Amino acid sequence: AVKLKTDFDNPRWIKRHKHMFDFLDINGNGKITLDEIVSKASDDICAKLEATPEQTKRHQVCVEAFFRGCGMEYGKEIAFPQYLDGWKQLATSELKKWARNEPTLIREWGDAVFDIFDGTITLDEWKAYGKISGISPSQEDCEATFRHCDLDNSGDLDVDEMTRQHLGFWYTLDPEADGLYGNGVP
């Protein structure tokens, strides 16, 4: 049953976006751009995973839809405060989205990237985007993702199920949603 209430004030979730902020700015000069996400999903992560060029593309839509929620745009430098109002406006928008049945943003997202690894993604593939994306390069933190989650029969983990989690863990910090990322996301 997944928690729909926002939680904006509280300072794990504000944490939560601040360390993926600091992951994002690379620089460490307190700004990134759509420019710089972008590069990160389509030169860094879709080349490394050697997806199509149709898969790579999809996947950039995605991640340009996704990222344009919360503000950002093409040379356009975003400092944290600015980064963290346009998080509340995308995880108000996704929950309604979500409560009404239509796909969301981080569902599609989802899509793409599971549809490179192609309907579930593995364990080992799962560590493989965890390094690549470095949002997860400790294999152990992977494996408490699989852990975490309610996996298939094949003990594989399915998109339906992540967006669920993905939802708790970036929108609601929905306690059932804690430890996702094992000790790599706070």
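Numbering follows the first chain given and starts at 1. Think of the rigid core as the biggest set of C-alphas that the two forms share within 1.5 Å after superposition. What changes on going to the form deposited in another entry:
Taking the rigid core as fixed, one finds a CA shift for residue 152 of 2 Å or more between these two forms. In this overlay on the rigid core, residue 140 has a C-alpha that sits 2 Å or more away from its partner position between these two forms.
In this overlay on the rigid core, residue 56 has a C-alpha that sits less than 2 Å away from its partner position between these two forms.
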Given for the second form:
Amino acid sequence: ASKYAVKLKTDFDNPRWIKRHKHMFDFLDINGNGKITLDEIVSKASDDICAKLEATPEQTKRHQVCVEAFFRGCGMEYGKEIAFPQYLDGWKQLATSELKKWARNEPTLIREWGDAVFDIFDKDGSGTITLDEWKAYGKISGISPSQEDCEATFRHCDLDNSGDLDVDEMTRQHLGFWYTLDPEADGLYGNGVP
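Can I get the form deposited in another entry as well, since the one above is the form deposited in one PDB entry?
Just the single chain follows, nothing else.
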């Protein structure tokens, strides 16, 4: 099954990797000082997104704890200001480590994060995401506020064409965008992220 088939390794010191994370870095650098902190990342990637999605307090805590683990895996910490090259070093370590974990059947940070987001999207608790529950990632995060190709990204996430999404599909498309830079996932976050 495509949703469980992931590359064993990736390449990192290329223009697509660098530009993708640069656009995210600049967006998450709330105070614009050229350094990113875990405070800034959690504010944008967890506080604002869970508020927009009307997550419950338990869902929001869970989500935040997953975001913190994930970015601690990149070398982030509260109050620690990190410049873009060291941020990139961290993401290289994280992606390398996580792809090895996947191939060895060890739990990954990205899959746990997927679980937390999936639970929030699955408003009726059905165990799948239907098109009416789906959202444009670029729009809910604010980095591409004009993104409206929800149905196209939904269809591409739906690897088995069941007409709905499971958590493994959502996680596979997310990992495709951020670890392995799969061309099929390009555009997932709208025009604000190359």
